[PDB]
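Taking the form deposited without the named molecule, here's one chain by itself in structure tokens.
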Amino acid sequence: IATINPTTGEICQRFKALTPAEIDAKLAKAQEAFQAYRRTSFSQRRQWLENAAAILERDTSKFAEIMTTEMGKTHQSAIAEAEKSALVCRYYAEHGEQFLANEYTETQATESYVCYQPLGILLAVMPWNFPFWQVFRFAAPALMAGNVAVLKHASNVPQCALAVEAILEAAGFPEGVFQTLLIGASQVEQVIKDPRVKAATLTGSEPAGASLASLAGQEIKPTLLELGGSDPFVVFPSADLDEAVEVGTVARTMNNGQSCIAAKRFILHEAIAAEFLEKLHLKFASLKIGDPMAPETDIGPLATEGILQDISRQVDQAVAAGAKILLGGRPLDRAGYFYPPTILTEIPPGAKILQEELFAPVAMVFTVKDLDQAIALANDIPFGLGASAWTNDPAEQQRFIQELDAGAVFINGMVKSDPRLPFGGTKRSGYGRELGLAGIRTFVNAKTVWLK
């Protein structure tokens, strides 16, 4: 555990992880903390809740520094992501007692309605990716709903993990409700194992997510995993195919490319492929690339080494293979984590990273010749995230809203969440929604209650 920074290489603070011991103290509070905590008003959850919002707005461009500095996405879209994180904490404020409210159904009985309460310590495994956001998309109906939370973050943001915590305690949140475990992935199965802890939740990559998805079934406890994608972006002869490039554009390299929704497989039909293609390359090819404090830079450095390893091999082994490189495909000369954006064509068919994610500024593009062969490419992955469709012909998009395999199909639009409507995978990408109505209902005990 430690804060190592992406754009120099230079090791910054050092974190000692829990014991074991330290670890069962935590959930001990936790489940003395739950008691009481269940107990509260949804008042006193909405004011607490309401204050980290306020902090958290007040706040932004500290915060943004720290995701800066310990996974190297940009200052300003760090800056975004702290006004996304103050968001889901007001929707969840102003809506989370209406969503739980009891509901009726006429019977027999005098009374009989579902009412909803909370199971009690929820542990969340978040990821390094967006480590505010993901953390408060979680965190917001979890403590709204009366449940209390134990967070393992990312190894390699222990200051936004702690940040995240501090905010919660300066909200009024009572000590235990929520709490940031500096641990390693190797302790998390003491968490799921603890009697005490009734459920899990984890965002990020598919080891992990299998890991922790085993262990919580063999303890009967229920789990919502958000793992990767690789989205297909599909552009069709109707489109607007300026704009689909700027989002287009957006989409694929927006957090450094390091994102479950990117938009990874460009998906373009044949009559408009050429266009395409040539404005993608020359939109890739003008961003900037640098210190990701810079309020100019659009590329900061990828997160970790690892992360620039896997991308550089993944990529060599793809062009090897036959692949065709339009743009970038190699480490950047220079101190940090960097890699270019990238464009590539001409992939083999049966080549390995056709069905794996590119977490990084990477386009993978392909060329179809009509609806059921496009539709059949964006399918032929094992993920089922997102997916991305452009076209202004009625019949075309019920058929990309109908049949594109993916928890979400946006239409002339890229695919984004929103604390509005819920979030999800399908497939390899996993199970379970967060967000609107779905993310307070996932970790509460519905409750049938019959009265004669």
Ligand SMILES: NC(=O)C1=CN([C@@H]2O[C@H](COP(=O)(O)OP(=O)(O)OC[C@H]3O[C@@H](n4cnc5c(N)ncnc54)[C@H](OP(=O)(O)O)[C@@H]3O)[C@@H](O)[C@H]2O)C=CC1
The other form holds:
Number of protein chains: 2
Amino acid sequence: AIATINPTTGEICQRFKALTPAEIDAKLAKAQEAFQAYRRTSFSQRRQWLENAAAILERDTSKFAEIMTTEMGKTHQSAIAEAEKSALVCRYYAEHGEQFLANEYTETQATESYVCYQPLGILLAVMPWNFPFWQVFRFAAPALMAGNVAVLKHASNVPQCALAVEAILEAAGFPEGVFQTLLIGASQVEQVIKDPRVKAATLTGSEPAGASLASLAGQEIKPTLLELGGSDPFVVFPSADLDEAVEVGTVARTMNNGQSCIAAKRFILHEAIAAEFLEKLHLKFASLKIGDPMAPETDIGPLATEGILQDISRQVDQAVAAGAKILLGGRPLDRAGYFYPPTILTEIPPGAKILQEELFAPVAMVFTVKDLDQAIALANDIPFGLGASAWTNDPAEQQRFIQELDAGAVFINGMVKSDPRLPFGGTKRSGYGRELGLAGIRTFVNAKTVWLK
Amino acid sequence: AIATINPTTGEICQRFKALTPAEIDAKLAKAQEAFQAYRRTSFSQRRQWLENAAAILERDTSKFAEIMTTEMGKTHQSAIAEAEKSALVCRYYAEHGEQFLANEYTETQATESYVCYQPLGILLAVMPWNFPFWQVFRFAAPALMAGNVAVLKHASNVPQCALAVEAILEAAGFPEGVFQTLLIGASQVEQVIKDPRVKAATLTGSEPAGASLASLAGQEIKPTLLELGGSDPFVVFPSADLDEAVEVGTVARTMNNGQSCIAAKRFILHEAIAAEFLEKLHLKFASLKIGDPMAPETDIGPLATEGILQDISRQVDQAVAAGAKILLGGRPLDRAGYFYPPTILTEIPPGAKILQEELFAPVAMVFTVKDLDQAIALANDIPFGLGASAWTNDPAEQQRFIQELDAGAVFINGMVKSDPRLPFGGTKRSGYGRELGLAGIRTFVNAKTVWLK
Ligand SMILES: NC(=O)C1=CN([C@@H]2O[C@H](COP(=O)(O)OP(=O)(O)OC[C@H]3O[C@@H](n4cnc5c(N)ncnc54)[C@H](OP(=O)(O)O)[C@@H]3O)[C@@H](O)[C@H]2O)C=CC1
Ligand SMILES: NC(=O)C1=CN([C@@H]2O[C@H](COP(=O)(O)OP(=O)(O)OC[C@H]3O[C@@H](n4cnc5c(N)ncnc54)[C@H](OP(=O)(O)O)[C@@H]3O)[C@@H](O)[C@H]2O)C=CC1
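Output the structure of the form solved in complex with the named molecule; the preceding block shows the form deposited without the named molecule.
So here's everything in the complex, that chain up top.
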């Protein structure tokens, strides 16, 4: 159901009525009318409204963070960072969007020949609960700067976040119908994708959700962008700064209570450093503070939902039954709220299903390898291909990791992070298309070739 | 069935056995092995092989053209041009591909941060009979320059063309498995899209074919590019060079026996010049030479298949029964082969079904409008959105047409043409994604973000 259920206490706080198909239709009609006027606005107006939205996010950061924490359990401090990052991407496209969409001229026999960039129309965004502000602003800032309008189907467990994003954009000055939150369930999305006024769609979330949306959009001849999770490797080689790698690796696995597409999920350790690294990782994980995410000292809040908790509990239980060893954690906490402790699994047997799954919780799989070829093969031995992190100060190793890791992003001597300045997206079953950077504003526009005699 | 059936005579010339699923699987296994080595080739090698392919096309142009004309009925002269254009796109990506794929650096706190471009792997291309060389080389040249490998499912009526393309690429030096023609039917494509080694797919053709491929690819989380039909407007306003517009419009509608996605299909005439333009168009169409496409004097050969002939015959018959008037032509010729004459329809009743359909034959629909707003509204009143041509020497009108015509390409005072130097693709039900230019080589690559501390 569409509801705020606080994952720290399990309390149902507020329920929301889903829109009916007629109500969805009315919102799409309004979006179409809004688009016809909005496509004619100047970049100066769009820039003003985007910068206003950034300023709202920058002023009321703590309030917005409290909504996120209440609904989905990420620490209030990380939710503050998320609101700040949302403001950053608004400012990024305010500052660069017009330039990024300017005519590009190519010399031909024409007096004038160029490509110009024009909005498609209504874009559908289907978004997940894990970064309930950032994922939305990541899409919405370039969408709106480009002159598109947007309808958001957010996750059913973050309705207050979804409503707050629309309220921010209204307060910023964006005209009515330019951005609309649809309080609707997963079964209601098909109507939106099939509506002739809706021109494109993006989804961030699970593979089954992405497959459903993309198959439907494909049938309707509509372009998509998908970002669908990962099982990113975190490779540590003998020339690495081991203490930095342990600290950063701990953050990479456990940030957002582990619920990140680009969490470090599989630690691949060269045998020369594996014992030292693993012992340090074990101790670092054991010192993490688990508790109320509203408290500034908390490292690990609850998982977002009972379902996520049930999923990881089963995944771990099955791996252990198959022969995997629990170095730390491995069982849900006996307390109120959907709490699962930082966990480290080792000696996972070959062929165990968990090797191919995404662990959306603070649960690290650990492996040892003997050389560069083995590290790369293991790193790539997954259906996903989102991010990858590798730690080494040998230039030849650095170049091989960069070249041969099958991922949309490769970070050397740092954790994978998204950044408005650089494109971001997956390969393989992690999806396709790129958000952020120039790519983010070029994805859902008509690149119109113009030739004038 | 997979066969050469000469559309000039109706004679079945050669039949081909379709691959079995096991044979398809073997070809995909070989493509995967080939990709593992081919992705490691230098741009110099890829460039050499692409330039070799161009040189083969440039030398044996008449022979390749004869294959096209025999299988699908386009004039030998236009097939010569098609082989030349195929060579041109090979040279374009040989000359620019490396530059187009070079690292793009972005300043951050990283010592090094950039995007690099790497091939995805096996690409499936599903191609149509209407430009049986050019459509293939348009995709294959950038695919191969980027380090991808490709499997081609060509139309069932151009098997000799399909085999010839593979033979050209073998003779050029491309390693075995880098490009493979699959002699398979439409029902066999699902196996290819669902194969885990196949990473992306492109289709040019009809909407139902595109919807099938894209829906399947979406379910498998695989990116696509679609170029489907169009019903492109050809708008003529009072300041136009009328005689040039008539000459060029006649070519635009009747080239390739009318069977082009970017044919001028709907002539939209300002009332001030409509009588003169229509009379001149009538005269030009009336004296086009219909006959054997191997003869150098022939303008119009047969349509490619009995099915295409049946389709246009029915479309025109229904429009006329509804009240449309035949100014010229309007029924299949009484002779051997799938011949349909240049045809002009006027006074088409509002709500007539034909107004929304693609006429893939040399059949012009003609309309009269009173002003700029009416021209734009009528031009856009279709499900398609591929190309658009407008004729005016008023700068304000030119800019409004460029801005407001809902198409992937807008040509002012010339006919729409694809050109390797400029991206090419549709909007609305005409598809999405861009081939040619920079876009063509960026579509099916992993844009990998790299960050080095
Ligand atoms: N890439 C990422 O960042 C994320 C990945 N995931 C992965 O997915 C797993 C399960 O999480 P879960 O919360 O169930 O993720 P979902 O994929 O179910 O949710 C993501 C979004 O998709 C919507 N959705 C779900 N099914 C469909 C459908 N058939 N058509 C249209 N929209 C749909 C959801 O709506 P509703 O809430 O109404 O069901 C939500 O808005 C996680 O453990 C993680 O592995 C999940 C979240 C973030
Ligand atoms: N955009 C363009 O340039 C073209 C558009 N068209 C439009 O389509 C109309 C019909 O022409 P037609 O020859 O039937 O075109 P199709 O769309 O049937 O054929 C195009 C290609 O798609 C293949 N194909 C067809 N159905 C499927 C499917 N379900 N899955 C995978 N591949 C498939 C065909 O294979 P096979 O031959 O084995 O069926 C062929 O290789 C034309 O009148 C024109 O309007 C057609 C050709 C060119």
